[PDB]
Amino acid sequence: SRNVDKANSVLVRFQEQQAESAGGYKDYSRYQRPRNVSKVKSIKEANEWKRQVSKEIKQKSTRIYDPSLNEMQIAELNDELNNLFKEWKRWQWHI
Amino acid sequence: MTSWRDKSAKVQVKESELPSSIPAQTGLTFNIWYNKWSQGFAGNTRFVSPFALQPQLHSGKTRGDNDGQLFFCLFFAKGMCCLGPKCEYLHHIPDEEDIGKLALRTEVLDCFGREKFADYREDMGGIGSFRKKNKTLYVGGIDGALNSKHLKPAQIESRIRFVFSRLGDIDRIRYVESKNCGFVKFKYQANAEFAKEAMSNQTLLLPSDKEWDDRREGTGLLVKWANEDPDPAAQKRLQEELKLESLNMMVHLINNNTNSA
Amino acid sequence: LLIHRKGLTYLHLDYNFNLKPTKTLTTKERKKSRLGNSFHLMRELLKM
Amino acid sequence: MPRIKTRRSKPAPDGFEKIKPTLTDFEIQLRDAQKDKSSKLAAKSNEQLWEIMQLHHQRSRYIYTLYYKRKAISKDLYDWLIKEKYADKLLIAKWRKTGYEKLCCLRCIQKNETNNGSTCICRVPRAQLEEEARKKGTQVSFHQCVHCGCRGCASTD
Amino acid sequence: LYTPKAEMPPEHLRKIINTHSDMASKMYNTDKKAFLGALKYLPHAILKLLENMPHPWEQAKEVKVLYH
Amino acid sequence: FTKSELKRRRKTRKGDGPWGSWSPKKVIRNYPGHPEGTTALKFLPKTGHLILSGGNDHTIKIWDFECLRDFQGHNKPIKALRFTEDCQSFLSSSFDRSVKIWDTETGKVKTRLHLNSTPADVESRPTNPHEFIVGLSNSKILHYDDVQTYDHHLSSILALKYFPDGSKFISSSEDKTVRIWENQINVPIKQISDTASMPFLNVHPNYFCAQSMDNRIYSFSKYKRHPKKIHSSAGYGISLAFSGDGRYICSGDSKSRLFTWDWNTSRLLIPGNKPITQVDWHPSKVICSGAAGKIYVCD
Amino acid sequence: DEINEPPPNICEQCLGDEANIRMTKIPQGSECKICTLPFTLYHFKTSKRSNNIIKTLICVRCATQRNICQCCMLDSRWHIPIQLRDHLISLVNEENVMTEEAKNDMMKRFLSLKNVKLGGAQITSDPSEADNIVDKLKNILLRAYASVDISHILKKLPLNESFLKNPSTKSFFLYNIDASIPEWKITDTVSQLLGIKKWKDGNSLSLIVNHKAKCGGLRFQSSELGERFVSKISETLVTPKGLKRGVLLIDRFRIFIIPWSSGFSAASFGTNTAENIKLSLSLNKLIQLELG
Amino acid sequence: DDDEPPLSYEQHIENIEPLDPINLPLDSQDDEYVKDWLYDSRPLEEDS
Ligand SMILES: [Zn+2]
Ligand SMILES: [Zn+2]
Ligand SMILES: [Zn+2]
Ligand SMILES: [Zn+2]
Ligand SMILES: [Zn+2]
Ligand SMILES: [Zn+2]
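Protein chains in written order, with the deposited numbering: chain A, 2 to 96; chain B, 1 to 261; chain C, 581 to 628; chain D, 1 to 157; chain E, 127 to 194; chain F, 51 to 73, 151 to 192, 197 to 277, 286 to 335, 338 to 346, 349 to 364, 368 to 376, 380 to 418, 423 to 436, 440 to 455; chain G, 3 to 146, 178 to 325; chain H, 243 to 290.
One chain only, chain A, in its complex shape:
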C-alpha cells in the first residue's frame, strides 16, 4: 500500500492534534482553501495560508509557458492562476 494510506492513519493524525494544542504546527500544507475568507481567523495564522497560495501560483506559473501543446490545459492553467490571484487578494483584504 502506497504511503497515501500510511500518512492518514490514526496515530499520525493524533500527534498533529497534540501539536496544535501544544505548539505552532498544523502546517497548512494539509488543509484546503478554506472555502470562505470572511470566516478565517488571525493574520499570523492566515499568512501561512497566504504563503501556501503563492506556492501553487509558482507551480502553475512555471507550468504555463511550457510546450505542453495543450491549448485546453493552458486555458485551464490560466484559470487557476486567475482564481488564485483573486484568492491572493482576498487574504490581503483579510490582512
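Hints may contain errors.
What the hints assert, rightly or not - Straight-line C-alpha distance at most 30 Å; calculated DSSO-like pairs for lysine-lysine:
1) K159/E to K131/E
2) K311/G to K86/B
3) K210/B to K300/F
4) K27/A to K131/E
5) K190/E to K20/D
Hints are computed from structural coordinates only; laboratory data are not their basis.
Using the hints provided, position chains B, C, D, E, F, G and H with the ligands relative to the given structure of chain A.
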C-alpha cells in the same frame, strides 16, 4: 574612560532569565543529537531578539580587561551576557586601542574570536571571509523590524543612523528605498563584526512608538555581509583607496629592504 | 543518542530497552531505520 | 564500612553525638549541591562541581581539626569516621605533610593529569604569581582552577 | 614520578550524571561524542557490573568505580 | 618577603582559604494549615512577599510566599478577599452580609459597610477612584465610597471586576449572562450572555477578560474545552489557568484557544474533596486553594 | 606521504618574542580552511601565561602554494595579506597576478595536491626575485534629473545666511562634501579642533552626511560649544554678495558651513536617492557662485 | 513499566534502611569459629 573605564560591567540578563536552550517547537519530536525538531514541516524560525545592547549603560570593566583579553563578548553584543563583570571577554565598543591589539589577529578571525572562512556563506550571512576585508553590512529585513509601520524612506534611515552610530565609527550609511535596505560601512572591520552580531534579529522601533508592546511579535532585521558596490561612482573610490593603501605599504616595505640591504 | 544522530526520531527506545516505532513508517524510513545486529545485541544486553 | 547504615556496619563511638549536628549541615548541603540545577553555561556547570569539592574539603578539615589539631575526638571515633567515609583518608594524609598543609584536593597535585608534569597552579604561592606578573607588566591572570575552583592552597598563604 | 589515582568524592560523579539528563545546550556537543564513542566499551562495563553483584547474604555492596 | 608579611597578606583574602578570593507546570510545594476549606486567595500587589487566604473556618491566615499572622473577626465563611494597590488596606467580604476593611499597618477592623441584603461573595477594588465594588446574592452591585447601586442580573452575582477606562465594572451571574457596566449613567453598556452560570472571570493584565462556564471558557474584548466540569487566572506570560472541580488543572494559552497541559492533583492522605476553589499568580508561580484543606504552589 | 611530512610554516610574529615555545602536534587535527582536507594541527601559546591558543588553520601544502604562514596567513616575506601582495606585483609586472581559488569541493582538493606556486608565490620565496621587485617599487615612489521638484527642500537648507560669531546655534550645514571623505573623518577633525576627543562617550556632537547629496549637517549638545566651533575656525570665504562661510579643512578638501539655527534631522537632504543627486547638482553651482 | 525512567538512587534508595538478607542463624556452640565473620562482604579482610 568616563563612560567605559570608570564603572564595571553589569549583568545584562540573570541566569534564570536566560532563554530556554530548546528552540521553539516546529516539529513533532525533539531531536537530541541535533538540538532541533524533526517530524512535521519546518515552519518559520526567526524571531525578534528579546534582548538588546544599551552601549553606554552596559559597558564597563570586566575580568578580561585585567587579563589582557583580545576578544569581545559575543553575548554582550546580543545583550545576553549573564556573567557581567565575571566574564572572560570584553564588554565595550571597539576603539582604536582595541583594534590595534587585534591587528595581527583580525586577518583570520573576527573580533569575537570566531574563525573566518574561505568563501562567504551563500546568503552572505555568518562570520565572514578572510579573503576580503569587508567593512560594509547589508541591513535588510527592515519591514519585519519596523512591525510594518510605513514610517517613510528617510525616517527609516534616521533609525539606522541612530542605532549603528553607537556601535562604532562609521564610514558611510546609504539607504535605498526601492530596495528597502541599508548599507552601513564602518571605519574598522572589528566594528562591523561587532555591529553585525549586535543588530541581528533586532527591531528599529524605539519606545516613542505605539507598537513597543508588540516589538516581540515581529520577524526581526537581517544584518548580513554586503556585496560589492556596483556603481562606478563607488568603484572608482575602491581603486583609489586601494591605490593609497598600496602606496602606504610600499613605504613600509622599502624600509624592510633598507634594514635587510 | 545513536538513534537520534541517525535521524531516526520516529523510533522510541523505552526505558526497558524495547525499540518500537512511533508511527506507520514509509519505506525510505524502514530502509533507513533498519538497525543491525550490533545495535540490537547491545540493546538486549542492556535489557538483561 | 559502607556509607549506608547496614547491619555489617559498626555502631558509633562515644563522642559522635556532639559532632553529629555539624556533620549533618555538611550532609544536607551536599544533597542540595547534587540537585541537578539546570544551567546552560559551561562556566556555570563546572562551578556547581566546584561547590562539591569545597564541601568535601570542609567536611574533612573539620574532622582533621577535631583529631589532629584540637585532639577533641577519640581515635576509635576517628577511625570510625574514616571507615564510614565521613572523612577522606588520603586527603587528610596529605595535610599531615609539611608542604601540603592546606591542600586543595588530591587532583590538584597529580603530575599525570596535567599536560606538563606539573601540579595545578593553585599550588603555586600567590607572591610567586605576583612576581612573574610584575615582570610581564600585567595583572595575574589566574583566578580559579579548573579542577575544583581553588584560589591557592599554598601553605604559606 | 607516579602518584596513584586521586579518589574523587561520590557526589562528584553524582552531580555529573544528573547534569547530563537534558543535553540540549551547545556545551554538550563534545560530551555527546563521548557518550557515543563509549558504546563499544559498554559490554565491558556490563561484565564488571554483573560479576560484582551482591550475593544473597549481603544488604549492600560498595564497589570501586572508574568513570569518565 | 617575611613571615609576618605573608601572615598579613593571607588575611587580605575575603574567605579563609583555599576558596578565599584575592580580588508546562509542576507542583513545587504543598501548604497545609487551614482547618476548613480555603475559599479565596489574594497576593500583596507591591512586594509579593505574602498571601492573604480566606477560609471556611472564618479566619484569614497570612502565608509567607511560613504562616505570618491570623486575622479573625468574621462570624461566617469568607468568600472573597481583595488587597489594595495605592492603599495599605485589605477588603475582606464574607457570608455574614458585611464588607469589612482592614488596616494592614495595625491589623484591626476600620470600617464596616452596610445594607447588603444577603451574603456577599465578591469584592473588587477600583484602581484609580478609591472605590469598592461588592456583589452578592443581592443580585445587585453596590459601588461603595471607601453611592451607586446597579440592578439588572436576575440571579446571584458570582464574580465582579474593575477597570480604569470605560465599562468600569464587569459582572457575572448565574443567569448565564455577563454585563459590561457604565457606572456614571448607572445602566448596562453591553450584555454578553453567550454562556449557557458564569462562576469565574479574570482580567488580562490586552484589555480583555476571560469568561468561564461549565464546559466552555470564552474570552471577551473561545477556548477549546471538552467537559472540564467548571476559577481563572491570567499570567503576564499569556498563559491562562483554569481550575476544575474534577481536580483537573487546565492550562491554556490566551491568544490561541489552545490547551497545552492538563494536570491532576493528589487529594490528601475523599475523592470528592479534590477541587481547586481559587487560584492566583504573583506580580512565574501559581498559588491555588483547594477544598482538601491545603494551599498548593505550582511552579 | 604520511610518515614524511614537512615542518609547519608559521610566522615569526605569530610565535612572538619568547625563545622556547611548547607546541602541540595532533596528527590528523582539523581540516584545512582552504582545501577542506585533513592535516597535522599544530597549536601553541606565545607565553606560558597567555590566554589565546594560536592554531594552524591551513595545511602545509596550501601554505606552500600561497607562500603564507599557517596561523595568520600573511606572506612569509613582507608580512602582508595575499590580496595586497598580488596587487603590488601587478603594479610592477604591469599584468594581473592573482591566485584564484575554487568554490567547488572537488576542485578545492584538486588545486592543493598540485606542486605549483600560486599568484605572487613565485615572486616571493625567491629572495633574489623579491628584492629586485622592491627596487622596482622604489621607482614608482619616484613618481609619488532636471525634472525633479526640489524646491520644497532648498527652503529648509539655509544657503542665504552667514557664518558669524553672533548667532548661537547647535546645528550647522556642511556642504561641498566629496563622495570620499568618510563620516568618521569629519567628526575626528571637529573633535581635534575642540579637544573634545573621545566624543562618542559623552555624545557631544552628532553628524549626518548623505554622500549622495554631497551635503550634511552636524548637531551639537550644549550650545556654548557652538561658539567654540565658530571661534576655532579662522579661514572663511566671503561670497561677492556677502554672507561669509567658514571652511572646515579636511586634508586637500574644503567643506563650507552655515549655522542652521534649527535641527535639520535626517531627510532634510533628500527622501529618495534620485532626489538627492539633484541637490548635489543644485549646490555645485552655488559653490562656483561662492568662489567665482 | 517501560514508560517510567529509572528512579534516582538518592531521592529514593539511599534514604531507606535496606532489609535483612538471607542468613542462616549459625548456632553458637557448633559454629563459634565462623559466626563472627562468615557473612561479611570480604570475610576476614582486615585480620592480619
Ligand atoms: Zn560577557
Ligand atoms: Zn587549590
Ligand atoms: Zn583542587
Ligand atoms: Zn587547582
Ligand atoms: Zn589545505
Ligand atoms: Zn603568520
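Now the hints, each set against the structure:
{"no.": "1", "hint": "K159/E to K131/E", "in the structure": "holds (25 Å)"}
{"no.": "2", "hint": "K311/G to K86/B", "in the structure": "violated (54 Å)"}
{"no.": "3", "hint": "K210/B to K300/F", "in the structure": "holds (27 Å)"}
{"no.": "4", "hint": "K27/A to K131/E", "in the structure": "violated (56 Å)"}
{"no.": "5", "hint": "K190/E to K20/D", "in the structure": "holds (27 Å)"}
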